[PDB]
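Peer 1: Generate coordinates for the entire structure from the input sequences, incorporating the hints supplied.
There are 4 protein chains.
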Amino acid sequence: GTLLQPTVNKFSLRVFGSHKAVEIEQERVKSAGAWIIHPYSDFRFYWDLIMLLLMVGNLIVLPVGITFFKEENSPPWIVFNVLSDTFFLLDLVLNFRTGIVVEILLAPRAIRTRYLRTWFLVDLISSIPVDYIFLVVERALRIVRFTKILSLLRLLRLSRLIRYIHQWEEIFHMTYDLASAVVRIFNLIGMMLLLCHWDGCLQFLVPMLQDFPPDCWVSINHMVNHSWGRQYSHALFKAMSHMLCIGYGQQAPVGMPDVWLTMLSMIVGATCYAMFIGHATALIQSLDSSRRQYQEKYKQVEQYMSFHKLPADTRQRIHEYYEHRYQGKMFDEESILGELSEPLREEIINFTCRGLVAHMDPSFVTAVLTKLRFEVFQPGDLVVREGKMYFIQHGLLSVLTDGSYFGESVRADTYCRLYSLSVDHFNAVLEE
Amino acid sequence: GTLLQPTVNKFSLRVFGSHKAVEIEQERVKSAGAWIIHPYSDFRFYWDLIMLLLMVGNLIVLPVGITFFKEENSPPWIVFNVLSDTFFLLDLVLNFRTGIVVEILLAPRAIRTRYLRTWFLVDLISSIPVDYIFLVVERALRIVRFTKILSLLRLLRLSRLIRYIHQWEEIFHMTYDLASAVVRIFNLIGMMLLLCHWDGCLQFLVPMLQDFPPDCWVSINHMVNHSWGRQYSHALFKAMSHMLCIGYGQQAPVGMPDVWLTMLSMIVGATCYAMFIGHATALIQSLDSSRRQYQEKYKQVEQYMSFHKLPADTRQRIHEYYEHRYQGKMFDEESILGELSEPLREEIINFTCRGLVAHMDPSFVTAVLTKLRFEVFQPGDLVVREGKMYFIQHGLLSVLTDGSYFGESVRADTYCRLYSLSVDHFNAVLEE
Amino acid sequence: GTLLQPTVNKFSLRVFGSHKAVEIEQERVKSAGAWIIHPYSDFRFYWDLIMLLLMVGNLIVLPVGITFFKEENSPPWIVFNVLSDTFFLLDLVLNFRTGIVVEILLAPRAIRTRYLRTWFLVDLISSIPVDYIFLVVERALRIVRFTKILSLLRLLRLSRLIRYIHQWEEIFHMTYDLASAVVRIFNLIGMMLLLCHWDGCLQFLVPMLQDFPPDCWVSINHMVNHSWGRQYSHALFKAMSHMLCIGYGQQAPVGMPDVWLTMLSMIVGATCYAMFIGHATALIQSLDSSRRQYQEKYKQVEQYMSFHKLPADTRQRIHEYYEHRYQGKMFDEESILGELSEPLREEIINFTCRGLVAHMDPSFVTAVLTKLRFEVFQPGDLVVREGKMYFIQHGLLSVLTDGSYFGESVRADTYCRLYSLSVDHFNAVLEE
Amino acid sequence: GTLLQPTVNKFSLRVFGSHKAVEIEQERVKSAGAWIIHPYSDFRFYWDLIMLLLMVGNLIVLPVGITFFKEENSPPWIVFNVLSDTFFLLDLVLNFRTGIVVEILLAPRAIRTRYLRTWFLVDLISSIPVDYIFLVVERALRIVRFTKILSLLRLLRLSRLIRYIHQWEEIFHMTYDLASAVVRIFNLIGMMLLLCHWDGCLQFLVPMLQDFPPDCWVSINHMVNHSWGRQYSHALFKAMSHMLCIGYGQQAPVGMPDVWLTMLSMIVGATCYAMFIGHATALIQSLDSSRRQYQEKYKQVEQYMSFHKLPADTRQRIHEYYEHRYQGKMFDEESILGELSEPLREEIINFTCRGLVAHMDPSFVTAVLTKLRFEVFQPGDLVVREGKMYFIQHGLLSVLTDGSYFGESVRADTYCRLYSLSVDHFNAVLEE
Ligand SMILES: COc1ccc(CCN2CCC[C@H](CN3CCc4cc(OC)c(OC)cc4CC3=O)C2)cc1OC
Ligand SMILES: COc1ccc(CCN2CCC[C@H](CN3CCc4cc(OC)c(OC)cc4CC3=O)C2)cc1OC
Ligand SMILES: COc1ccc(CCN2CCC[C@H](CN3CCc4cc(OC)c(OC)cc4CC3=O)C2)cc1OC
Ligand SMILES: COc1ccc(CCN2CCC[C@H](CN3CCc4cc(OC)c(OC)cc4CC3=O)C2)cc1OC
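Residue numbers (the working numbering), protein chains in the order written: chain A, 1 to 432; chain B, 1 to 432; chain C, 1 to 432; chain D, 1 to 432.
Keep in mind that the hints are not guaranteed to be accurate.
Since the list gives no way to pick one copy over another, a pair counts as held whenever it fits inside one copy or between any two copies.
[To be verified] The list that follows gives simulated cross-link-like pairs (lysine-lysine, DSBU-like), each with its CA atoms no further than 30 Å apart:
#1 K329 to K299
#2 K388 to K20
#3 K10 to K20
#4 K309 to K30
#5 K30 to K20
#6 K70 to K148
#7 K371 to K309
The hints are simulated quantities; they were obtained by calculation from the structure and are not laboratory data.
Peer 2: Structure representation (structure tokens):
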């Protein structure tokens with residue numbers, strides 16, 4: 001009976017904190033006197049995993065089944081509709097009982113009023129079979145067309161599909177690290193494919209209800225008596241050619257329901273393609289930002305060069321210095337060491353340094369190693385004046401190899417990475 | 001008589017300041033000797049609310065009424081034009097008297113010269129009925145076509161509609177918080193729909209004035225003697241197919257007014273669709289910026305990892321530390337507490353802290369609570385050396401539960417959020 | 001004779017500095033022994049103003065004059081070509097003598113070698129009349145077509161037009177403040193219009209050289225014997241329909257020069273329209289950046305709210321505080337006062353402050369006024385504890401009106417903007 | 001035998017460091033007991049330079065050779081296929097032996113398992129001639145069509161081409177400074193051209209296998225018995241018209257393989273063009289960032305002006321100050337001097353300063369020159385009060401010329417750039 005309560009996962013510990021907050025939430029669920037269903041429990045997961053599959057199945061199969069087929073009295077179609085109505089009614093019954101993340105777990109007052117205020121009507125319309133009631137209660141062709149238009153009320157399950165998809169993918173940013181633009185662009189691709197699939201069925205459906213006039217494209221292309229696969233292929237081609245702004249037929253369209261459907265599909269396709277270009281741009285601009293911020297910083301540097309009118313050899317020397325200091329990449333070594341915790345910084349220092357001070361109290365050694373600084377030099381650029389202590393990591397130094405010190409005229413022969421521990425910090429560590 | 005003066009609203013207090021500045025502005029309006037109209041008063045609001053509705057009504061109805069209908073001597077059309085001319089003349093009379101935000105409320109000198117210099121001519125042209133004067137003063141078909149082209153001068157009210165819309169939506173950024181890109185993109189959508197509606201009427205209007213030559217599309221499609229709804233539908237379809245860059249008919253266009261109108265509508269549609277893509281991109285890039293700045297910062301962090309060639313276990317340990325420190329979100333807790341005022345920071349501290357120091361002078365307690373710091377640790381990462389005081393918010397610590405202190409070998413067993421009050425700040429508070 | 005030397009303008013003082021650097025540059029021009037022409041002088045300006053007009057005139061008139069007209073032996077055409085050849089030869093002669101901004105004013109060595117290395121050949125080809133030489137030196141229709149293809153070598157003046165336009169608009173960023181994206185987008189619009197105008201003439205030119213085969217569109221549309229205006233209109237419509245990716249005719253194109261010209265114009269139009277979308281996006285993203293950085297900062301603030309799980313009343317109180325502190329706008333008052341000079345800051349302080357300290361040594365007053373700080377409070381938020389001095393700019397305070405002080409239980413009744421001069425800074429000013 | 005080992009280049013010194021790390025890597029390659037091939041050596045470079053040329057040659061020639069030609073038994077075709085199979089088998093043999101940058105140079109364990117896990121199958125399929133085996137082992141037209149479909153398995157060499165191109169261009173960001181967006185956009189242009197070239201051959205290939213039905217476009221346009229150049233031109237035109245979303249023929253397509261190929265090419269072309277717009281936008285936004293950050297900063301400055309309601313003369317004075325301080329360009333002179341090394345800063349100071357202190361111990365002079373600060377003033381803005389030392393670089397000062405000092409009422413007549421060395425720093429240098 002603990003399936004209604006939230007368990008102890010990585011997600012529950014990231015949301016609530018320690019195990020004590022999770023046990024407080026479990027006692028809070030068990031304290032409201034009901035069979036209350038917590039929205040992070042396993043039961044909602046196992047239920048919505050079934051419901052998303054049934055939603056995708058219905059939203060793909062139902063327009064093709066309504067429009068293209070002739071006799072709607074086949075047995076597996078009726079079985080399919082009855083089972084879909086049963087599950088989408090039980091999901092409404094459980095939506096009476098679930099918790100709402102704003103977590104409002106008060107069953108008799110908060111959940112009922114919040115569900116009746118926001119999303120009861122759309123789920124109630126999309127749940128029950130409306131057409132079969134009118135068939136039991138009740139010029140037969142007008143009745144059949146009216147029942148087809150009533151049976152197209154099943155497509156209001158998209159408002160539930162969007163809600164459950166947004167809930168699960170809002171959960172799954174915390175269990176796993178995900179790029180946001182990828183999630184947004186695949187959500188948009190799914191929406192675009194679903195809209196194109198609906199426009200195909202709609203552009204066959206509208207000449208269908210008029211008993212195929214001689215002006216429509218179906219009668220012109222002489223394709224009334226083919227199979228449903230051929231008709232679906234041509235209708236989907238027509239819908240995709242209107243959606244991607246192509247230009248379909250020989251003539252301009254003649255009938256009045258053709259013109260307005262054409263214009264509607266053109267507007268929907270143009271807006272969807274504009275949002276697709278926007279998501280593609282937002283995804284491309286976040287691939288190599290570390291190689292872009294360095295470029296902007298070097299633009300500012302050469303602007304500083306141009307403001308003071310420096311000679312050309314000095315400018316190419318600055319260029320070589322930044323190439324061998326940052327290596328085409330932007331990072332701030334002060335703030336990164338500022339943000340971290342202390343023994344993890346001790347680990348990073350014990351990896352990088354603390355092997356160069358092997359020659360000549362461990363806590364004294366760690367304090368000296370924390371008191372260091374990183375420097376990059378250049379050949380010809382001599383560092384000492386005749387009349388601050390260094391260590392050598394790389395490069396050549398003439399007055400040597402990797403690893404030495406200058407105990408208190410030294411010229412750099414190549415690119416050298418050095419360290420420094422200048423005597424004020426050393427005296428502070430001696431005081432410690 | 002106080003309707004001409006600005007009242008005391010949320011907007012007036014955000015603009016001018018206290019009530020004293022508002023009373024100074026009211027005395028300034030009452031001191032200029034006139035019936036001067038202040039541009040933030042209620043009278044301009046109640047006037048422009050009527051004028052925007054009349055502008056939308058005229059700019060939708062008038063091209064359809066001029067082009068498609070045959071006899072323009074129906075009585076309600078003349079009544080509609082007379083009432084529109086009356087209101088758009090009275091609006092000119094009141095635009096002589098209004099104040100101008102640059103607020104220049106000097107009536108006889110500043111307002112008259114500024115209005116005559118900038119926008120008197122366009123409002124004067126779009127105000128008066130030009131066609132009826134030529135009809136009273138004055139080959140009859142050329143006269144009727146000339147009066148239609150003169151009656152198309154009513155469409156210079158768009159320059160007033162743009163001005164009033166920009167004034168009100170510049171006001172309504174301060175009464176309510178609004179995203180800027182939403183306002184920009186709905187302004188562009190309104191402009192695009194209005195331009196498409198005008199291109200439809202224009203592409204029926206140009207074959208209309210030539211007594212329908214046999215080369216034009218109206219004579220080819222055999223649609224001279226249909227109703228005006230059918231003709232408007234086909235003309236709007238042709239205009240939208242040129243605007244969205246489709247490709248309309250079987251043949252290339254033949255007549256010379258067809259080719260240049262076609263090219264003009266193609267260029268206008270291409271530029272409008274490019275600006276729509278630009279606004280859509282600018283709106284998409286401002287949805288999840290807090291989830292993007294964290295991504296860029298972590299790119300810089302892993303670049304810092306790659307610059308010093310750290311081992312893989314240390315890199316995944318940094319990754320886990322940032323996941324459980326920032327939780328996929330960028331914020332700077334130092335600058336946010338820097339920007340705020342002092343007792344509001346005392347409120348935030350009294351909510352978060354000041355319950356953990358419940359065990360063991362209230363001002364002393366508030367000073368100690370302001371002297372705290374926030375820390376996040378990791379399991380295995382022990383924090384103390386044998387031979388600074390902490391508090392526990394979450395996690396487990398072995399040598400415990402949530403809430404304890406280390407009064408002056410402690411190992412973190414899980415993710416722990418701790419506090420710190422190191423003895424220098426404590427001695428400063430003891431000095432206070 | 002001083003027209004060859006740079007004068008004293010706003011631009012010369014912004015580039016070189018004081019008048020002494022300008023006089024050094026004038027002596028440098030007069031010291032190189034030549035009639036050397038400095039590239040910032042008035043003579044190059046007055047010369048290039050003529051040359052840009054002749055370039056636009058030639059690059060518009062010459063393709064229409066070559067392709068559509070039949071007899072090329074009219075007198076004003078020959079006069080026009082002779083005068084154009086004369087001016088574009090004299091411009092080459094002066095390009096031997098001008099200075100080069102890299103300013104290299106050394107005449108006999110630097111300028112000649114740099115001009116012969118980079119851009120001598122293209123200007124030499126586009127300068128001289130090539131076709132008339134072949135006409136004097138030399139199946140007549142092949143000769144006429146060959147002279148037309150040789151006379152199309154005049155269109156290599158675009159490489160000079162681009163160079164002079166970039167030089168002048170690089171100059172005119174410093175004389176006047178200009179948005180960069182506006183300059184870029186109008187340069188692109190000019191290039192796109194010129195390319196479309198060339199594609200029209202080219203798509204009439206290619207069927208022209210083949211003596212109008214029956215497969216081409218000119219023979220199909222029966223438009224060989226119309227005037228040149230009709231043919232230019234249809235050719236430009238065909239070129240613009242290929243460029244904006246429309247779909248032109250009934251059939252697919254049949255001949256082989258039609259297909260490759262069609263594909264070439266489609267590729268050029270697609271790339272130009274993509275760069276136009278890019279420039280439009282870059283222009284839109286730089287209109288309301290100050291209203292966007294505030295939005296991003298408030299996203300970070302509400303993220304900081306969500307990280308610590310604050311109550312709702314505190315969150316809306318932070319929201320009201322930022323609305324009445326920054327007013328939907330981002331600025332940093334510390335760094336702006338950091339960047340400025342000292343007496344200008346004294347001017348800003350003497351405007352804002354120094355009227356509130358009117359009640360109760362002027363240098364002492366200026367030091368106290370520099371030692372102030374700006375604060376914003378909130379109603380209910382009382383500021384003093386029973387048992388730092390303030391000034392009042394706005395709001396109401398109960399224990400008052402605008403302008404008072406607290407000389408060393410005060411409750412804010414409304415939004416209050418206050419000042420502060422806490423006693424350490426006051427003691428430092430007393431020490432001064 | 002040292003060609004398998006990495007040599008000493010600029011790239012090897014930038015990657016590994018000094019010469020000692022390179023010699024350690026050479027001893028590491030020579031210590032694994034094999035003929036192991038290091039992935040940065042010269043041998044992989046000289047091998048992949050041949051392999052990229054063979055890949056481009058095969059991926060251009062093979063679809064045109066399979067589809068359009070009739071008899072595939074010509075001798076140079078068989079020689080070409082045999083040589084291509086030989087080289088792409090030897091490349092597999094060497095891919096067994098190469099090192100893998102993750103550098104894993106362990107031959108018998110790491111490389112074999114990593115290559116068998118990731119990319120053995122695709123290279124094995126694309127290496128061997130599959131069709132000739134079925135021809136040796138084995139209604140003849142079905143056999144010929146089946147061998148053509150088997151011989152189209154050679155096009156899985158694109159997965160190797162992408163890998164080698166990404167490896168070399170990841171190497172060549174470090175040998176030379178390159179803009180990233182240029183590399184990305186030319187990679188995308190190459191991919192788009194290759195996909196269009198494949199769609200042309202595919203849209204001729206599909207009617208080819210059906211023995212040219214009368215519904216297809218080849219039989220309609222009466223182009224079965226032309227040469228292969230004409231057929232390739234029309235097929236590539238059809239593929240490019242579907243890819244750029246044009247609208248190709250008179251009728252809608254009739255056959256079922258036509259419709260789905262048409263829709264597939266439309267979707268691929270739309271996605272490629274959207275990514276091209278994204279790369280073009282990302283390239284345009286990185287051209288003039290230094291002229292954009294100044295614009296954003298000045299927006300913040302004028303917002304700070306509007307927040308405090310400053311007079312207009314003060315606002316234009318701030319505008320003139322920023323124009324003559326930053327010159328339309330953003331840079332931070334403190335952080336740039338912070339990032340650099342010390343003797344290079346001494347070089348920059350010795351260029352800019354140290355000529356103005358020529359009048360009135362060299363180390364003392366360098367310390368005073370490091371203790372300076374840069375200031376910009378304005379005419380009318382007098383700087384001294386009657387009752388800090390300066391130097392003059394430009395401008396005029398009345399109580400002069402360029403270069404003077406104020407040894408401890410001076411009015412600036414023009415724009416002046418000055419220096420400062422205020423007495424605390426001078427006393428510190430005297431202490432040094
Ligand atoms: C070291 O431990 C491991 C680390 C990493 C891994 C690899 C695990 N992988 C990490 C990336 C996410 C992926 C699956 N995922 C989640 C489920 C889901 C469901 C959706 O339907 C609502 C959805 O809607 C768009 C989007 C998504 C997003 C999504 O992609 C699982 C395995 C590990 O060990 C097993
Ligand atoms: C707690 O107090 C409340 C807080 C919040 C609310 C919700 C109030 N809502 C907040 C958002 C704006 C909206 C209406 N709005 C303003 C009027 C207008 C007119 C225009 O024509 C010129 C226009 O042109 C584009 C654009 C707009 C923008 C616009 O959308 C009103 C109610 C509250 O209590 C009643
Ligand atoms: C208070 O003093 C004043 C302040 C301000 C003004 C308004 C003066 N205005 C300021 C904006 C620029 C404009 C003209 N301009 C320069 C000439 C040019 C030539 C080009 O051809 C190469 C070009 O190529 C794209 C682009 C441009 C850009 C361009 O627009 C002149 C007047 C004032 O007093 C007179
Ligand atoms: C002062 O010393 C010099 C400084 C500068 C120079 C100019 C040298 N130049 C600098 C820019 C890169 C260019 C060639 N380059 C590298 C090779 C390659 C191969 C590719 O195939 C995989 C590729 O795939 C997209 C992309 C690229 C990128 C690319 O453009 C060489 C010369 C110098 O002296 C000789």
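Peer 1: Each hint needs a verdict: does it hold in this structure or not?
Peer 2: Taking the hints in turn, this is what the structure says about them:
For the identical chains of this complex, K329 and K299 are neighbours both inside a copy (14 Å) and across copies (10 Å), given an alpha-carbon limit of 30 Å. In this homomeric assembly, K388 and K20 come within 30 Å of each other (Cα to Cα) only across copies, at 27 Å, whereas the closest approach inside a single copy is 53 Å. Taking the shortest Cα distances, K10 and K20 sit within 30 Å of each other inside one copy (14 Å), while across copies they are farther apart (46 Å). In this homomeric assembly, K309 and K30 come within 30 Å of each other (Cα to Cα) only across copies, at 23 Å, whereas the closest approach inside a single copy is 75 Å.
Taking CA atoms no more than 30 Å apart as the test, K30 paired with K20 passes inside one copy only; the shortest distance there is 15 Å, against 58 Å between copies. When the C-alpha separation of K70 and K148 is checked against a cutoff of 30 Å, the pair qualifies only within one copy, where the shortest distance is 11 Å, while the shortest distance between copies is 42 Å. Within a single copy, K371 and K309 get their C-alpha atoms only as close as 38 Å, which misses the 30 Å cut-off; across copies the closest is 21 Å, which meets it.
Violation of the numbered hints given earlier is absent; every hint is satisfied by the structure.
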